[PDB]
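In structure tokens, one chain follows: the form solved without its partner chain.
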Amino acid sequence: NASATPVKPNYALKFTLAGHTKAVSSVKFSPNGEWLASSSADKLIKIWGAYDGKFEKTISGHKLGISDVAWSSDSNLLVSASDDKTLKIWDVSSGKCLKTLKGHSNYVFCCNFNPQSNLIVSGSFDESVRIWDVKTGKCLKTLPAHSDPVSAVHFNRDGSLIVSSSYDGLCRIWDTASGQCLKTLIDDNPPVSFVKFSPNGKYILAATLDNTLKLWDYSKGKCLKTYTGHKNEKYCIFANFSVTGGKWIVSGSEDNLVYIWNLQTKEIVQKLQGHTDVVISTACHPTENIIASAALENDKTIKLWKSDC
């Protein structure tokens, strides 16, 4: 009683990046592919070579831990989101703080530039989404987005839309220009710990704290794919579309592994072993089949992985 008679990636460890003194929170590749930025509970941002993993510099100034970091499209600026209730805009070359973005009334959890990089979007424990002017550092809009902390914020491919997620169990799609809510994605209502648009902007990938990732057609409000087998019941774990080779979904996990799924078949195709604590963050290199992963305080390292597809 059995059946009658696709390629997988082969990610392998290349480098372990040590230096953070507390849990890592977020890793992001620069758009130019040259750098990896890491944020940590240790209040620091570190910059590493994306290709050889070589430590470049520490950027300091936040008064408390950092949950997230994000690059401008020209790779020249970073924004960071901190428990000190601020975001900071950094000149990466000089390491200098250009602007402190003040307005959130509690921890800032998540941040992103728009592709244009004239705006920053932030989400906070204060349950709001804010849109900031990069040039002036002024808050342009406060969206009453959620009824629990905002876990993720992301612009789509042309900057016209924002997606937000919250532990309130909702994903919302916002019109950037007006700040008006275009769509709420909702029955079981598990907390939403992470969301991002697909690179093509047609789909959103949402992580829920029932050990599940789902690919939504948000226009149709229909779930097209489900990815599971990993552990996620507590943390905001960054997930990704890997598009440089085979079409994969990449995520961290509370079982200390990096999970890679076939986007179409939803099968687990790789589990990357090596981290010694929760893998809180994954990132995919913009041009090469390279993954960065980072872990919580029993580990505190970033790992770089390479695949042939």
Given for the second form:
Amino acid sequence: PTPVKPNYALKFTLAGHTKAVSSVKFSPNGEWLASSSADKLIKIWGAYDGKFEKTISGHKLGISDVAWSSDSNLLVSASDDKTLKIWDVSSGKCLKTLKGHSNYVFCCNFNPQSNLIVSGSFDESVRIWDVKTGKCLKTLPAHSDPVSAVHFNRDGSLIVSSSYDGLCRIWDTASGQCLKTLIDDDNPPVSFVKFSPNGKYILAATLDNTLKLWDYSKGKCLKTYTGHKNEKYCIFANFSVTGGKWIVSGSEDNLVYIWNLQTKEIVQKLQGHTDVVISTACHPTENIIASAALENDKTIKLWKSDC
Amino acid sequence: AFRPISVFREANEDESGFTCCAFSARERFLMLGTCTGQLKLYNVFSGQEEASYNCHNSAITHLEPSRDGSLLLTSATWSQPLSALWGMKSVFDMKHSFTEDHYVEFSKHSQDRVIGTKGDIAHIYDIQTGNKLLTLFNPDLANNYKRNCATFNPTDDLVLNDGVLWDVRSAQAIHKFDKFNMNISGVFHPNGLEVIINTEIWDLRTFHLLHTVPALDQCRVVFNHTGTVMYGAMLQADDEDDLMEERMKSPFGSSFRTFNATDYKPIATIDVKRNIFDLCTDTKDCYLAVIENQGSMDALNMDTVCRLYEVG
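Show the form deposited with its partner chain bound, please, because up to now only the form solved without its partner chain has appeared in this conversation.
Below is the entire complex, every chain and molecule, led by the chain shown above.
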């Protein structure tokens, strides 16, 4: 039974990071939660009880992003030290150090097959890397400003990138060609983007307090979600699909916002964090939302909805 | 005469990351900040790393040790706090933080206060309590210097912020120096008689223009400890849509010059052929330590070395 509105409540608060928490990612098998911090550390927790599992170390500066491989065995991290790192989660060892970007790496993701990694950087480029060898396969002159997010589509044939230059770009993975450029009347910085689960839409956040669901092939904005505060930080956003169709996002008023995807009405606002909520994640099978907050908070919270 | 004495890179680092330096209280040892936020203590003659401490999670831009060896000021690139005051006596710890001040200096006569800068605003803190004693800013008199750095005068009774002269006692701006460049906000000459604001040398008493020094354009300056020679280095131009690999990458160009501290006439021009990150001298004005970046645009990272020269 899909509820009319969700009913998320706080169940766990995960402490341990000593600086702002930048990202939280549920492993695809639903067993684990990975968090990256400005404290240069990755941390692995139990997805359901929040039990601390381990710390993964190696980066020399803060970490912006982390991403699971499809089999939940590997992790890729993008750091301000200009590198990405591929990690064995079980051993916590750095398997590879992807070097190539000339400045901070902000975003990273595996493709569905997980043989490739895509990264975006402050250096305004997008890079496609071979996971096995760690060598950079392609360097796309993607934008004329820092790249805020990169994401593969369901079958890995398309990449989507967002940039402070106000543009979203759809790229052909195999050929590296830019297939589409989404522009808006105004071009406020695009602080986040990702494909929808079906792959036909992209969810793009702009630093004007707005989330937008786009049909990128046609370049039409289908849905707009507002009510939250987002002018400064690149806040991650999610499609929640396990108990109703929701859009979930952090906010600069320290709340987690949840909208009805179809109607665009706010259906819930989770309170508890004491600073900007910059990252949220939705468990792959259960109605669980992980949220992470910045320097004045430093904690991860798990919310569960019985509806 | 700048006779080479020693040279050394960061130990156990394929990409040496020295970014700033200052001689420590203990003779023969140099403090160096790094691009990974570390403060390291090195033997300047042997090149051996003696110590390393974590200070920030971003690169250190500037530091200053107090004269008595008990305190250290650091400023980072992109971390919280942005600047910090550390204790160096016995154990190394953080005494205080200055959250969003991108640059900090000690007071000069009595070093019981810190002056930090945030944009056009100056903050004056007490070293002991760490409390912000003063916030100096006037929108009427502001100049909006892009590289503004607030600073005390030698007797700590005057402050210079955004090209505005402030009386500390009354917290009242006494005079605005006109804006003749976009970046440099000026400093006090150690003689306490004049102010050096980019290419303009103003008299403190009469506000007359004492000197036009075109060679000081966009320069940061530091004096020997007898106040008789002034080293100046030109900041790296920021251009606009300049090539990547050229964007920032070093705070200064590859040259620094020496000036007679009384008539501001040139003495020597040294082009080390490597972008400069920082330079300093010891209390006795015997040596000049300079952080110089070797490498190429090919490099995605700096590869700096510290060179020690004999002050002729």
